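With one protein chain withheld, the remaining protein chains of the complex are depicted in position.
Which chain is which? They are A, B, C and D, in the order written, and residues in each are numbered from 1.
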Amino acid sequence: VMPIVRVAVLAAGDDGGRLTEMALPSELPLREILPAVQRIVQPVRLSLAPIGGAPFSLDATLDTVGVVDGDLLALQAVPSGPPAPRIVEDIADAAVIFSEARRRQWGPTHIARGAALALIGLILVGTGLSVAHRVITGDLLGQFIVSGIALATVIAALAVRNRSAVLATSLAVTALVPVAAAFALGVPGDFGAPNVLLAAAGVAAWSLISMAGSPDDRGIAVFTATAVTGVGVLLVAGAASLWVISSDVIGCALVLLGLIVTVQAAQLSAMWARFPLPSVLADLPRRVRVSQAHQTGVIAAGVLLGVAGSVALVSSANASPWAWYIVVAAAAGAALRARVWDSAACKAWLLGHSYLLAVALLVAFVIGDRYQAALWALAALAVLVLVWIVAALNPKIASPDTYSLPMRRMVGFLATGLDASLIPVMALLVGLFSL
Amino acid sequence: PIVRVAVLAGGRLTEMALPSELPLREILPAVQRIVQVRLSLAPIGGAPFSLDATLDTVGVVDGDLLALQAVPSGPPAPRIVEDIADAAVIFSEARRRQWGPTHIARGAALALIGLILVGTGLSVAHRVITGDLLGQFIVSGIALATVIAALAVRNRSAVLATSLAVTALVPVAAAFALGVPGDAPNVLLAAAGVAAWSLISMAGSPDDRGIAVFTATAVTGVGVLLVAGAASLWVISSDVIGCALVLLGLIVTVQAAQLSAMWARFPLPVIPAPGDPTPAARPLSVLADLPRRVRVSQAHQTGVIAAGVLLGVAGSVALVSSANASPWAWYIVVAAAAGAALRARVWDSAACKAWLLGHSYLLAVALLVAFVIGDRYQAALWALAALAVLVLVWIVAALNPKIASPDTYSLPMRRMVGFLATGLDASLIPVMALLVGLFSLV
Amino acid sequence: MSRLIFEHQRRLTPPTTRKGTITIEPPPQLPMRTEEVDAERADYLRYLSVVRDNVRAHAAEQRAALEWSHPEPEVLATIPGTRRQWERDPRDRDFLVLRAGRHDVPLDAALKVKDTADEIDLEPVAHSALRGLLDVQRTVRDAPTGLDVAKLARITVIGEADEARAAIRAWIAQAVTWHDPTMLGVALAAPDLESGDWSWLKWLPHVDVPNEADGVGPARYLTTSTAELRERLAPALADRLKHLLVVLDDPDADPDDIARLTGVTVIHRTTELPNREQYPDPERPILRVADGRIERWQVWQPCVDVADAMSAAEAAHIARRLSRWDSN
Amino acid sequence: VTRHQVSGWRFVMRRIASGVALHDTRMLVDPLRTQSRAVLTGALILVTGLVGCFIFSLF
Partner (left out) sequence: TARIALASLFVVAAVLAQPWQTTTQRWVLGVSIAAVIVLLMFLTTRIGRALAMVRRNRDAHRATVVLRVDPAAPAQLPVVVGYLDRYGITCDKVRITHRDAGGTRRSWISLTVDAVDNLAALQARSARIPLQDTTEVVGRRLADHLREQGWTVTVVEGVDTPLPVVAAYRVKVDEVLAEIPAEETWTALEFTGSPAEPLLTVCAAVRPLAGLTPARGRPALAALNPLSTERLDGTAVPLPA
């Protein structure tokens, strides 16, 4: 017989397009079979190209080029020639000519971006100024200005909800810094626990009222992120303000809740689809994106608490070593749970859990007047960036293929055992089950 | 009655003539008996010919290509084609590759960036609280590490190289700033090191990625160097270094075209003698490289302008941020601001226009933070209100696309605007003289 | 005898070629405040920049024309099928003009300054700019060009086998792909023809004499004995109209073996180079096909800056995709 | 080198500057020269007031 390969070619150059299968004889120069493909699917010459790549040399054959049975090949043009390079002998005309390809025109469209960035900077720096005016000195003028600018920005967000649909979303997502600032300064005292409660309540309320109210699919993810954590710490906050003092258990419950949101997430992720986010399934591309968005959002919250809780455990010194076990346990858990999510931002957040943990422990230590361990945090961050580097150089550690099936089973088993292994030491540390 | 075709069957094809008015039955054997199961001749990507027809009746013209292949046991597979509308999307699918190892590279790069930044931060905090030898030691170690790594991927990446070089000028500045005991002459060493590193990086680099950032750091380093110089040898008030910084910023911003021209080594003119010369013609080699020199010039220009603004705000925050400076200092500040916001009508590169227009807003933010640092807290609200007015005029320019277009104005109006932009930075220098006390030396 | 027919269609309208004669006003006379002469410099330089842009437009138009008339020797694969295969005619300005490669064309337009401001004491800049413009812009950059074969009568090439034959294949394909066989007929005489080499010529409908059979293919001008070639060529030539090409592949064995005509322009490859070849004629040139260029002998005057090489299999594909058609 | 030569040199330099800054070479009006000469006349007002309040100081 004769070796043949069944492929499917795609050519869309004039109107719509044509995708169809065919059988081509392997071990032939493409310059021989291209006319047949053209005749079937129909001064520039054409050639086959793997979708997402560069066209094939007109001499190579489908066999040597590396096409397996059942590929999908597009019918592109023979790559190119030179662009016929221009030439000018005067230097001034050279300067004026060779600069056009920039979109350098000022136009009434860079002014819009400039004004929006200036407004966001105004909001942020005004919140910062007024807070630093209160938190240090202490008077009603600070919180007054903060609440004023917060009401101003939320009204502006609701006012342009259908004006540009992007200025509105950006203004909203930046409006939750002054909202938190305002709702973090009630009943001053020592700023206490319950101010965190009120601030988280306001933040979660704004994230909710804006997520469904959002005009499109966008960085809505961070919304749902600042929504989930918005409620998460909220709950724990209430405890430390209502039930009892609860000195240390705050971070314990926080990291527990973080792990909970992290693992059992896909269900709650798909739950938001029931809520109204806004021709049989024409609105599929939106939904899935939004759906995907919510995942890439919610998992972010699922890790923020994981730090925001752990930071409480190993903050001070002389803490029980069980805290230094629960922190690294949650870290390893959120690290090894990246193998399953298989998406870009999800895997990214799950891996960067330990990185953000290192940086947060470092800043908490330098705030906490500790330096014999801040250097240790920096060294741990160094080991982490080193393993990142060695993974990037040689695709060995993060390549889930060149491993052992027994080792893969053991890794999954160890992860499944260790992520939940913290609630026993949780109770042993908090002493809640020592009655 | 005969047709000459290329038949195909060892990994090659042969080229033979075949009878036409004849059944393929008695054709295929001899064909094998030339080329060397139910075999027959078939066109490329087609159902094999009916075993009992003629080459003529099926329509194989002279010079086609036929391959010898088996007879499929059954139907002809009419190869139904399905239509598509926007195949350009499928491409964008395969282009958006999965996680893989590609994202690992950006991850590692960002991780190293963050590592260097947080190391510098922790170390400078330890030094400004209580700095042992370990502080300066680890700062210098991090700086040497990143500067070596920059020259380690210089010809391997050409993208990670410039990024590492850019981020490396923060730890270098930190190191050389606190490499000397004391508290200032330190900033002199810092600016010297940062300018040296900026120049070194800018020199051995391709056309771009030696972007405005590098020449801007270089120029602001040279400026802070020439100011810390006077602050070191002589001893002068805050007003003196402030005026010197704002004047350096202005004089760099204004002469930022010829400077950017000579920085890119343009092919200088060859204007001949007047009597009887022989004009030379430029060679095609340099003229071919010209469209690279143009982009290099543009980048250098944008950087020079950015550095001019960074100076003109660094000095502008030296005069007003003090306890109580003469209203002449306020006038110099406002004049430099309005000058760097009115010469933004001159330049055309959008990046330069933005860097110029922003000068006032950046100055507002800098005055605000320097007031908060200085426990003023009263004129800080005034600075916030000024910045609010700035963003208000920005907004009213944004959502009203007529105030932001010169064509809707009258010739004498814009001519008077030009007159004002002339007079402002004209009088900027005599007021500097008044403030510095130069006219009190007589 | 069994292949499709063709109709002598009307050639498409090529992109226009405005052969105007643009003139430039001479620079000033350099006599008066320096500001005045500076403003005059500015005005004159602006005028010069405008006329430079216009000249660049002229040049781009000429290059577009040459491209549309001499595509790269790999696009012509898509030619034979369309209505643009044998589109050239014995009256057009680019007829029997084999494309050999890209180099600098002399910019057909004029660019003549109306030199009346004699006694040259001109403004130094306003004159240096004009000299630069007249010396640089007057030559189009790398653009298609080649051999006006209709007035050459011999092409001697020099170089190794797989490069000389490469360029020969390239422009012989570029020729047989834009002409009816009734106008030109390609021939050949080679000792190793049926070798994956010029055997591709077998298909070209330009290599068959009138009224011969040879059983399988009508004539097959291809052969080995140059004398036998002339014998097969005997009735085709007594004319000193149908053009011809007769190419050789043996370095030795006496080229010029026919005359010394009026349309028979033989080609041959040699390995010996001339020593001090006296007056390389406007016709009968000598071409060393170098690594990546084709240098014409002249008293080393490259005259071709980037050659063209068509692979054997590519020539075969051209021959096949061309052998379908014929006109009679 | 005649004065026309140095004038042409300065003119070519200013034209190159206008090209690489304003992105045009028409050179009808040259705001770059305006700004430069403005700073220069600022310095000249400075030196003039200097010699003024100097020769007055020796009243």
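The criterion applied here is as follows: a contact is a pair of C-beta atoms (placed from the backbone, for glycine too) under 8 Å apart; a residue touches a chain by one contact, two chains touch by 3 or more.
Asks: Could you tell me which of B:74, B:181, B:182 or B:412 touches the chain that is not displayed?
Replies: With B:74, B:181, B:182 or B:412 as choices, the missing chain is touched by B:74.
Asks: Among A:54, A:140, A:244 or A:280, which one touches the chain that has been omitted from the display?
Replies: The one listed residue touching the chain not shown is A:280.
Asks: Since one chain isn't shown, list which residues of subunit B touch it in the complete complex.
Replies: Residues 72-80, 82-87, 89-90, 92-93 of subunit B touch the chain that is not shown.
Asks: Quickly run down the residues of subunit A that touch the omitted chain.
Replies: Touch with the absent chain occurs at residues 6, 8, 19, 21, 51, 69-72, 263, 279-282, 284-285, 288, 416-417, 419-421, 423-424, 427-428, 433-434.
We take it that only the chains that are shown with their structure count from here on.
Asks: A-D versus A-B: which interface comes out with more C-beta contact pairs?
Replies: A-B
Asks: Averaging over Cα atoms per chain, report the distance between subunit A and subunit B in Å.
Replies: Result: the chain centres lie 24 Å from each other.
Asks: From the C-alpha centre of subunit B to that of subunit D, how far is it in Å?
Replies: Centre-to-centre distance between subunit B and subunit D: 32 Å.
Asks: Multi-chain contacts only, two chains or more: what residues does subunit D have there?
Replies: 4-5, 8, 12, 15-16, 18, 20, 23, 25
Asks: Among the residues of subunit C, which ones contact at least 2 other chains?
Replies: Within subunit C, the residues that touch at least two other chains are 30, 45, 49, 124-125, 132, 135-136, 321.
Asks: How about subunit A: which of its residues touch subunit C in the complex?
Replies: Listed in rising order, the residues are 29, 31-32, 35, 43-46, 58-59, 78, 81, 84-90, 92-93.
Asks: Within the complex, which stretch of subunit D touches subunit C?
Replies: Within the complex, subunit D contacts subunit C at residues 3-5, 7-8, 11-12, 15, 25-28.
Asks: Under the stated contact criterion, what part of subunit C meets subunit D in this complex?
Replies: Within the complex, subunit C touches subunit D at residues 30, 34, 37-38, 41-42, 45-46, 49, 123-125.
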